[PDB]
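2 protein chains.
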Amino acid sequence: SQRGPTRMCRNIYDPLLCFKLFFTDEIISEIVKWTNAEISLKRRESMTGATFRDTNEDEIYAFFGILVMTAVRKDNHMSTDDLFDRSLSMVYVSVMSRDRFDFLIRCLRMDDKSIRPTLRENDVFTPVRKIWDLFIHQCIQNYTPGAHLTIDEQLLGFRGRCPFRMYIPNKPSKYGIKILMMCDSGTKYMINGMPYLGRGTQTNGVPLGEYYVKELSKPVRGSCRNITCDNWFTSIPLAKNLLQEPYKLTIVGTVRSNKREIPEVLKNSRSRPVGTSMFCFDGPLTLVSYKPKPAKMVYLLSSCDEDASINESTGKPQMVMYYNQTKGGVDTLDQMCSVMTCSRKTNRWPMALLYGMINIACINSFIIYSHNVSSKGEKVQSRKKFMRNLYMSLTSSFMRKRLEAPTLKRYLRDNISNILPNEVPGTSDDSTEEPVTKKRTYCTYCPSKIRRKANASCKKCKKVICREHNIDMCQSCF
Amino acid sequence: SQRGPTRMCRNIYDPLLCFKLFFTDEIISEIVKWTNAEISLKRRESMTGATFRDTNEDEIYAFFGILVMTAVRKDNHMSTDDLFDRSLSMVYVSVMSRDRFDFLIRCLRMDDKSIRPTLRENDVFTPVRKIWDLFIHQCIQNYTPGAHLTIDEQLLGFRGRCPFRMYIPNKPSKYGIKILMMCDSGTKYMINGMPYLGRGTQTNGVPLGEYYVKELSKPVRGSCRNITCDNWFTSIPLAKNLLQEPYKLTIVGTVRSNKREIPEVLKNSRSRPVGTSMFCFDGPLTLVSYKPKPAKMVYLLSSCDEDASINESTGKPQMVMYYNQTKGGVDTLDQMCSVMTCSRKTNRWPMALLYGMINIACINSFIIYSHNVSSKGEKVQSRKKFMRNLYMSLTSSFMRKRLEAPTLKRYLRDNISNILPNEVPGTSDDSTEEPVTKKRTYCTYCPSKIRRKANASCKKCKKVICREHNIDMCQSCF
DNA sequence: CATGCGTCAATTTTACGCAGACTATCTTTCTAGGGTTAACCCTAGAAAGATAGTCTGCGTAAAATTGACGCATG
DNA sequence: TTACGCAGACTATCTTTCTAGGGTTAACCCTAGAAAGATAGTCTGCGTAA
Ligand SMILES: [Ca+2]
Ligand SMILES: [Ca+2]
Ligand SMILES: [Ca+2]
Ligand SMILES: [Zn+2]
Ligand SMILES: [Zn+2]
Ligand SMILES: [Zn+2]
Ligand SMILES: [Zn+2]
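Chains as they are written, first to last, in UniProt numbering: chain A, 117 to 594; chain B, 117 to 594.
Calculated directly from the structure, the hints in this document are not laboratory data.
Possibly wrong hints are sitting among the right ones.
As the list claims (entries may be wrong) - With a cut-off of at most 25 Å between alpha-carbon atoms, the simulated DSS-like pairs for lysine-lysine come out as follows:
(1) A/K383 to A/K432
(2) A/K578 to B/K575
(3) B/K149 to B/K190
(4) A/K287 to B/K461
(5) A/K575 to B/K576
(6) B/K565 to B/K578
(7) B/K330 to B/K356
(8) A/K409 to B/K290
(9) B/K136 to B/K304
(10) A/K576 to B/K578
(11) B/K383 to B/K330
(12) B/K432 to B/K412
(13) B/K304 to B/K287
(14) B/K229 to B/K158
(15) A/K158 to A/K246
(16) B/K287 to A/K461
(17) B/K190 to A/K501
(18) A/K579 to A/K555
(19) B/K290 to A/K443
(20) A/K525 to B/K578
(21) A/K576 to B/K576
(22) B/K578 to A/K575
(23) A/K229 to A/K158
(24) A/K443 to B/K287
(25) A/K287 to B/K190
(26) A/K290 to B/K412
(27) A/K356 to A/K287
(28) A/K290 to B/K290
(29) B/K576 to A/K579
Said to hold, decoys possible - Derived CB-CB ranges, DEER-like:
(30) A/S429 to B/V390: 50 to 60 Å
(31) B/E520 to A/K555: 35 to 45 Å
(32) A/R202 to B/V552: 22 to 32 Å
(33) A/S454 to B/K555: 21 to 31 Å
(34) A/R556 to B/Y558: 44 to 54 Å
(35) A/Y527 to B/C593: 14 to 24 Å
(36) B/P353 to A/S429: 50 to 60 Å
(37) A/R126 to B/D170: 55 to 65 Å
(38) A/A153 to B/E422: 36 to 46 Å
(39) B/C593 to A/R556: 40 to 50 Å
Virtual Cβ for every residue (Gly too), placed ideally from N, Cα, C.
Just need the whole structure built from these sequences, with the hints factored in.
Written out as C-alpha cells, the structure reads:
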C-alpha cells in the first residue's frame with residue numbers, strides 16, 4: 117500500500133479542502149456555538165454596536181484566515197495597533213476591524229461552561245477535550261505512513277497559570293505545555309499525539325516513555341514498521357515487548373549510559389581507539405557502542421536483521437549512519453512550525469492550543485496536497501503559495517458579505533472589491549441575438565443637413581448614432 | 117556635573133539631527149568612497165542600466181532608512197522576494213527596488229582594499245576600524261554619565277568564516293562575534309565598547325576581565341562613580357586597583373566561586389540557616405555570603421562604604437538589593453535590540469558590525485531626544501514614533517530624486533507623491549502641476565506589451581481607455 | 001425635413017522603432033535554527049548571481065477609420 | 001434646487017494588568033510593551049428645505 121493519502125483523500129487539488137480535512141464541520145460548529153455564550157455573558161447594556169454581535173460560521177472561518185496570513189508574514193508578535201494600520205498594509209483591515217478582532221479573541225470557547233464545573237472532575241484538559249479528540253482523529257484516519265516512524269516531544273510555549281505548565285531548561289522557551297507526538301519519517305506527517313497533563317495522567321506500573329510509545333503506536337500496531345527513539349523512549353523491555361502477537365514494531369534508538377543492561381565491555385573508553393565500535397547482543401536485540409572523540413561514547417540499541425556492518429566511507433557503524441537519518445522527523449516538523457507560526461500572546465492556555473492545532477493542520481494539509489498534485493505529473497507549489505491561497509479561500513466569503521453594509525468606509529470598500537476574486541457576470545462571451553442595423557444609416561441626433569454616417573449602435577438601446585453625439589453608449593442609456 | 121546630553125548637542129528637538137549626531141558625515145563619506153570601489157569591479161560590460169550605478173551620499177542615507185523601518189516592524193527575516201511585493205506593502209518599493217537593494221547590500225565596503233593587505237597582520241579587524249573608532253568617539257562626547265555604570269557583553273550571532281567569532285554554549289545565536297560595552301544605568305546609554313578579537317589583543321599578565329574594565333573606564337575617570345558587574349569582571353585586585361590615584365571607580369559585583377581571596381568563613385557550612393547572611397572585611401572591601409531559599413550560597417563583593425544592614429521588606433542585605441537593581445544596565449540594551457532591530461543573514465562578516473552599529477545609534481539617539489524634550493516641559497513620544505520619524509526624515513531627499521525620471525513607473529510615482537511631507541510653498545491640491553499625467557500614454561485594459569496608446573478616458577470611473585475597447589465609458593462602467 | 005448609395009481626402013488608431021528604469025523566477029551555494037552523542041549533525045529556505053520579461057515615455061509611417069461633399073427619388 | 005441633521009459601522013488613544021524575553025545566584029528576578037478594557041471620537045449614506 118506504500119504510503120500516501122488514503123482513499124478518501126485522493127484527487128483533492130484544492131488546498132482549502134486539504135485544510136478542512138483537519139477542521140471538520142463538527143469542530144467549526146462547536147466553536148461558534150460555545151463562543152456565543154461568552155459574547156452574550158460579557159455584553160453590557162452600553163455595548164450595543166456592531167462590534168459586539170454574535171459569531172457566524174463565516175466569521176469564524178475568516179478569523180482563521182487572518183491567523184494563517186500572520187504566520188506567513190512572520191508578524192505574529194506585532195501588536196494589533198500596527199497590524200490594522202492602513203498606512204502600512206490593507207491585508208488585515210479588508211477582512212476584519214481591529215476592535216472586533218480583539219473582541220473575538222477574548223471570547224472564543226470550546227466547551228459548555230455550565231457543565232464544565234463537574235465535567236472536569238478527573239480531567240484537567242476538559243475545556244478543550246472535545247475539539248482535540250475530533251482533530252486528532254482526522255490525522256490518524258487520512259494517511260498511510262511508510263516504513264519509518266519516529267517519536268519525540270514538542271513544546272507549546274505558555275505562561276499564565278496553566279495547570280499543566282512545565283519548566284523545561286535547554287529549550288527556546290522555558291515554560292509551556294508539553295505534547296508527545298508520532299510522525300511519519302521523511303515526509304513529516306503527524307500521525308498521532310497526546311498532551312502531557314501530569315496530574316491527569318495515569319500509567320499504572322508503566323514509565324512514561326514506554327506508555328507513550330505504546331499508545332502513540334496504536335494505528336500501526338502489528339504492521340511491522342520501525343520506530344526511531346531518543347533516550348526518553350528507549351527502555352529495553354519496550355524494544356522486546358513490541359515484538360509480540362499484539363504490537364509488531366521495532367525500536368531503533370539511543371540508550372542512556374547509566375542503564376545496567378549495557379555490558380561493562382562496551383563502556384571501556386580507555387581501551388577503545390577513536391572511530392571504533394563494539395557489538396554484542398541479547399536475544400533478538402543488537403547493541404552497539406561507538407567511540408567518537410575521546411571521553412565520549414554512543415550507545416545505540418536496535419531490533420534488526422542480524423548482520424552488522426560499518427560504512428567504510430565514514431568509519432561509523434551502520435546503526436549510527438541509519439539513526440541520524442530518521443531521528444529528525446518530529447524535530448523537522450517543529451522547525452517548520454517555528455518558521456511559520458500563528459501563536460499570539462494570550463491570557464488563557466486553551467487559546468494557546470488552538471494556535472498549535474492551526475500550525476499542524478497547515479502542514480499536514482500541504483503533504484496531502486503535494487502527493488495528489490505530483491502524482492498526476494503536475495508541479496507542486498511551495499508552502500508560501502499554499503498559504504497565500506488559504507488566506508483567500510478562508511476569507512473571501514466573509515469579505516464579500518461585508519460589502520452589504522451601506523456604511524462601509526471607502527477604504528475598505530475599494531480594497532475588498534479589488535482583492536476579492538473579480539468574477540465578472542457576462543464573461544461567458546456568448547450574447548443573445550437581437551435585431552441590429554445591417555444597412556447604411558444616419559445619426560438620429562444629427563440634423564438632415566449633416567447626414568452623418570452612423571458608426572455606432574447604443575450599448576443599451578440599439579439607437580443609430582454618431583460618435584460625436586452618442587459615443588458608444590447613448591446619453592439616455594448612460 | 118549633572119546627567120544628560122552635553123552642551124554641544126543640547127538644543128536638538130528632532131530625530132534626524134539626533135541620529136546624524138552619532139554617525140556624522142565622516143562615516144558616510146568613507147563608506148561611499150569605498151563602496152564605489154566594488155561597484156566598479158563587479159560591473160561587467162554586459163551589466164548596464166540604473167541598477168548598476170555608483171553610490172551617492174543621498175542613496176546611502178535612503179539605504180539606512182530602509183534598514184530602520186525594517187527594524188520598527190518585526191519583519192527583518194523576510195526574503196527580499198516579498199518585502200518588495202507591492203500587493204502586501206508600499207513601504208519599501210517606494211524607496212528603491214528589490215534588485216538594487218540586493219546589489220548594494222553585497223557591495224558596501226568600509227576600507228581601501230589596496231592598503232589593507234599590509235595592515236591586516238596586526239589589525240585583524242581592519243575592514244571596520246575607520247568606521248568603528250569614529251562611532252565610539254562620537255558616543256563618548258555627546259552624553260554625561262551618572263553615578264551608576266554597568267559593564268557586560270553582547271553577541272551579534274553571525275556564523276561563517278571570520279576570526280572574531282567564538283562559540284559560547286548555553287546562548288542563543290551561540291556562534292557570533294563578541295562585543296564588550298559599558299552603559300549608564302537608568303537611561304541605558306552606551307558610553308564605550310570594543311570587540312573581542314580572540315588573539316592579538318595584547319593583554320599582558322592581566323586577565324581580560326580586569327583589562328577591559330580598565331580600558332572601558334577611561335572616558336569616565338573624573339569624579340568618582342560606582343561600576344557594577346558579573347563574575348567575568350570582578351577579580352579582587354581590580355577592586356583594589358580602581359582605588360589607586362589614576363583611577364576613579366568603586367566596584368560592586370558578584371564573585372566567582374573557588375577564588376583564593378574569599379575566606380572559608382563565607383564558603384562555609386551546611387549548618388547556616390536559610391535566609392541569613394554573613395560579612396567579612398578587608399580594609400576598604402566588604403564581602404558577603406548570602407543563603408537564599410534553595411540553600412546554596414551567592415558571593416558578592418563591594419569596595420564601597422555602604423552599610424551592611426538588611427532591607428526589611430525582603431530580608432536581603434541592602435548590598436544584594438543594590439546589585440539586583442543595577443546589573444540590568446547592559447542587558448536591557450539587548451532587550452531593546454531584540455524587539456526593534458536590523459539584522460540580515462549574510463555571507464560577509466563586516467556587515468554584522470554595520471547592523472549592530474545602526475541598532476545602537478537608534479537607541480542612543482532616542483535617549484538624547486527624550487531628555488531634551490522633557491526638560492522643556494513638553495511630551496515625549498514613544499520609541500516607535502521616533503523610529504517612524506527617522507524613516508520619514510531620512511529617506512525623503514532621495515525619494516524626491518526618483519521623481520525626476522520621465523519613466524519612473526507610475527504606480528510608484530503616485531505613492532511617492534502622497535507619502536511625502538510638502539516642502540513646497542504656494543501650492544494646493546487644486547493648484548498643481550500634477551494633471552499633466554492625466555494623459556497616460558496606454559490603455560488600462562490592453563496588454564502593455566503592445567504599446568497601444570490611449571486617447572480617451574471612462575467618464576464614470578475616470579480611467580484611461582482605448583477606442584478598441586470603448587470610447588466614452590469603459591466596459592465596466594454602465 | 002427625412003433615408004439608400006459613391007468619391008476620396010483628412011483625422012484618428014494601430015504597429016511597432018528607439019530608450020529607460022524596474023520585476024518575476026531559476027539553479028547553485030551555504031547560513032539560521034535548534035537538538036543533542038555533539039567545539040558535531042541535519043533540514044529548510046534565504047542570499048548570490050544571472051537571464052529574459054514588464055511597464056512607462058516619446059516618434060514616425062502606414063493602415064483602417066471617419067466625414068464632408070456628389071446625389072436620388074419622396 | 002443648492003447644502004444640513006440622524007444612525008450605522010469603524011478608529012485613535014488613554015490607563016490599568018501581567019506575559020514574552022533573556023540572564024543568571026535564579027524551580028527566581030527585572031524590564032519593555034502587548035493585551036484587556038473603556039471612553040471618547042471619525043466618516044459614510046439616507047431624509048428635509050427656498
Ligand atoms: Ca486593542
Ligand atoms: Ca534577490
Ligand atoms: Ca553578563
Ligand atoms: Zn450625429
Ligand atoms: Zn441608447
Ligand atoms: Zn484597450
Ligand atoms: Zn470606467
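Item to complete: Starting from B/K576, check that the Cα of A/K579 is at most 25 Å away, please.
Response: 21 Å, holds
Worksheet item: Taken at face value, is the distance from the CA of A/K287 to the CA of A/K356 at most 25 Å?
Response: 32 Å, violated
Discussion item. Can you confirm whether the C-alpha distance between B/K149 and B/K190 stays at or below 25 Å?
Written reply: 32 Å, violated
Worksheet item: Has the given pair, A/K229 with A/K158, been kept, meaning a C-alpha gap of at most 25 Å?
Response: Holds. A/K229 to A/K158 sits at ~14 Å (cutoff 25 Å).
Fill in: Holds or violated: B/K287 to A/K461, with C-alpha atoms at most 25 Å apart
The hint holds at about 24 Å.
Item to complete: Look at the Cβ atoms of A/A153 and B/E422 and judge whether their distance stays inside 36 to 46 Å.
Response: 59 Å, violated
Worksheet item: Going straight from one Cα to the other, do B/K565 and B/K578 come out at no more than 25 Å?
Response: Cα-Cα ~23 Å, so holds.
Discussion item. Assuming the hint says 55 to 65 Å, is it satisfied by the Cβ distance from A/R126 to B/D170 or not?
Written reply: 58 Å, holds
Discussion item. Please verify whether A/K409 and B/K290 have alpha carbons no more than 25 Å apart.
Written reply: 22 Å, holds
Worksheet item: Between A/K443 and B/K287, is the straight-line Cα distance small enough, at 25 Å or below?
Response: 24 Å, holds
Discussion item. So if I understand the rule, the pair passes when the alpha-carbon distance is 25 Å or less; does B/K136 with B/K304 pass?
Written reply: 20 Å, holds
Worksheet item: Are A/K383 and A/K432 close enough, with their CA atoms no more than 25 Å apart?
Response: 17 Å, holds
In summary, the numbered hints that this structure violates are 3, 11, 27, 31, 33, 34, 38 and 39.
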